[PDB]
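Only one chain is given next, in structure tokens, and it is the form deposited in one PDB entry.
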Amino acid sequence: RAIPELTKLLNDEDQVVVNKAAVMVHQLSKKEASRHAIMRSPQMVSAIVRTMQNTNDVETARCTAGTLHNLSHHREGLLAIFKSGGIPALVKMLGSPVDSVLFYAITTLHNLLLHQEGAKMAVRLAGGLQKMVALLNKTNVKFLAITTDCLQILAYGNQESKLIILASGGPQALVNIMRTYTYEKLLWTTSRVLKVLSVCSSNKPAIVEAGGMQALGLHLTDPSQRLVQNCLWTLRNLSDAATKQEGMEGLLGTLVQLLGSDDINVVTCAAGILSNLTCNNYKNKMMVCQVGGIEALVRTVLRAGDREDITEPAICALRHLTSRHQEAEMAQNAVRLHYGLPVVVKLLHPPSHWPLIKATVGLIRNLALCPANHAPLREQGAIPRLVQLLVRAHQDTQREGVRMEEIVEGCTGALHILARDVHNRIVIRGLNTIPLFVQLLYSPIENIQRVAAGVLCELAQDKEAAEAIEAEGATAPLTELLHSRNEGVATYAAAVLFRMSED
């Protein structure tokens, strides 16, 4: 048109002159077709960009910037935005003080990433990532939301970008946002970038140390299901890196409650996270117990029935909670008080698979430490059932999902604890187990030799038993294990030989 002829002189203006020309071009970009005439003037497209890059008058920038945003709407519009090198300039503008500039710069960059092929690479190259991470302390939540989204777009399926974000202190910034704001769309775009980073090994620890678990935990009762969902699954993925944090009170309490959810996948998830977060951290165990975690976990087990994606994690947490902390005995008792003993013992049967059976035998072991559990467990038929799992396991080793060594250790270990009670001892040798426990002493696995010597040790406190054990020729292997490298093995062998010859 005759509008291309006007754009011509518009390209010039190289002085104080410029400052006005920008305002003029910017205003003409507002039209629907006056946005087209400027599309096929790459001289102008490239001038609009040069000016903004270089110009050190504030309003001049917002007029060039604004211009490009108008053009970033059409499929041919971004194309020339890219081809004219505007991207690196846009990204340069992310350092500006003027918020009117920043808003244009980020919205335009967004558009480009979503649609213009080559943007992603280009933005990374300009150092957009490190820019965008540093803007995460701006205060406009709409802006934060778009900024975090850009990051998500650049991070996605791109580990290099993930590592770069980690390096720029991205995790702490993202986590601060999760701690501070409540605006749904922002928490959503932020929970997404987080999720995407949480699949990076290096970012896990970093997210965690920055208070990522606690911050996610703050939004688990949010009404926005898409948000709760991102938090739960991100929490779960992080849970294994998170066992040493403090300040986990609120999160643990909420997880217990989530066990009551009607949503199955929320329940499985909550179990998993609880299972991990109860690993080894004694404070976490006490809190979970204090908010009524045993009762919830039992209940959850009953409800789940045969659903092993639920019972395995929940049984594991129960097991963590029934040993190695100040309230472990209280927890052992609670399982009995809340009718847990029959479901627990029942899980030793089909259709349970080995991993669940492993966890369950582990749980029963701890359960047996509580004297008040010796008789009730016996009544449920724990002993004959453990002995069967043991014998089976040992036969398989004599010639998956789990190794039968664990089941053999596990089972023997459980019986070792059940042998503390005198009537249990009678039921135990009762099943002709004493030869099996002696031949176990010869196992290559030291763990197995230990639990075997352990159960023999308890049994031997009774005279008949001790003669029985003596009759099996236990004295030979015991005397040898007396020099095992393994402390426990040697400690029990001494223990057993001691009791073998008392009189």
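Residue numbers count along the first chain shown, from 1. What changes on going to the form deposited in another entry:
The hinge between the rigid parts that move between these two forms is at 241; the other choices in 241, 393, 451, 49 are more than 12 positions from any hinge. Superimposing on the larger rigid part's C-alpha atoms between these two forms leaves the smaller part rotated by 19 degrees.
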Given for the second form:
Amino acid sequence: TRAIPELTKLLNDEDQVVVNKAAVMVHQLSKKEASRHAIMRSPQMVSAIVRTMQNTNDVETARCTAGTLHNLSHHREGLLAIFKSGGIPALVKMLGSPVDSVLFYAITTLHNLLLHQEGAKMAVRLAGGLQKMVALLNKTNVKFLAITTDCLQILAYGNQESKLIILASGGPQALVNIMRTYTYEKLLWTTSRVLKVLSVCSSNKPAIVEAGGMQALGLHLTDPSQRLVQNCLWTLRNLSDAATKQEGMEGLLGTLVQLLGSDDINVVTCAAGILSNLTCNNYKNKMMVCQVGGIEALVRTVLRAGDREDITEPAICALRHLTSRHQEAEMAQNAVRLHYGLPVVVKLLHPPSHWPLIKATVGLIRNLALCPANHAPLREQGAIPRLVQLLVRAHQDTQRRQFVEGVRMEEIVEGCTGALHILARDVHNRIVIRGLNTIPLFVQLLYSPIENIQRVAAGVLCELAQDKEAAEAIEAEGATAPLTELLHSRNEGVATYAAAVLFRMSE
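What's the form deposited in another entry like, now that we've got the form deposited in one PDB entry?
Chain alone follows, minus partners and molecules.
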């Protein structure tokens, strides 16, 4: 009723000299508690502060006004006043200020609003705050960058449109540069959090990966800050499925294999997940992983994981990738046995294991079975019976009809038959397989419409048919009719195996 009303009138004065002088006193009063609260309680005052800030051409006035809002932003009533008085649009404009002071007041004020004022997120987005904040990432004050990147994290979290705007603005590039450039923990952390939120968007992934984000994030994997390390891993894992074709992952792969020995569950989980994706169809990555003891490191991880399928599934998939299609694939198949992985691998075929893990494990065993030295061990561990069980159970759900556990029982069918197909290259294994009354099922599978099933069914039958007894049993099971038809399949494998079974049955 004394200073406030008067200063308010002065702020709205037509003469700038009077305005500027008022801005200084107002700012001064905002530094004292009693008068700060008085200012935030005057709608007309706050409104005059905001208008003056976004209209004045006096750097000193712009500093005192922004400084005033900054001081008011420490209280709920201040934050509310700023919000209701068109504060957001004004503050966003100030982010274009060439003055550091003004810029710092503005970003701090906006940050406080985004953190504690409901409705601020939308307002900032609406005012085009995302674009300016991203444009400010080329500044060099690390504390400033930390607050700015934190604003982006708040605005992008769970909001797809904000994520795309950050992308269109050149966000990925700028954020990766931060990771590759500074050492200030708080900035690296907040920045890794923005990249994490952006890595969830399938459209942001390419931009981040091409900018060298995998390497930039890889750089901090051994930092003392656990929150920094973990956020980099979450991000790297989200990106991994989009970086399977990237060159130069050798350094990262070494670190990742080392991280598999971490005591931190979240670290190991991400290390395994990233490794599985990076070893997907990339012979170079597979070789590098084998080179640094990846096989042993993964076997140890699986054993340590126990029933934690978040770890075993990606670790088992990695091992599956590593035991196939590359120079060291066979040595890898052999090494799994040497590092005592066969027992646990077979164990994973049983409960509490869920289908996703079951499918990956069957795949790995199919690969391991390619190494003759694993035949006896796998048999000794009870692989065959269980593989048959999964096949029977899976085959039934197929005919009695889709995704179960997120897995199609048709995949289990050819996966198990495919595994039994290879294990059947061993005499003793053939005795066990036939001893389980499987032939009738295999012959049945020849009628499947899925060529892959046909092929693996014809395959096991062919291996089995090398023994006279089994051959006559197959023949006696009525395999001749279906095989004669598959003999004419345009599928090389189907026709070849089919002819082979027929030939064997007539020796």
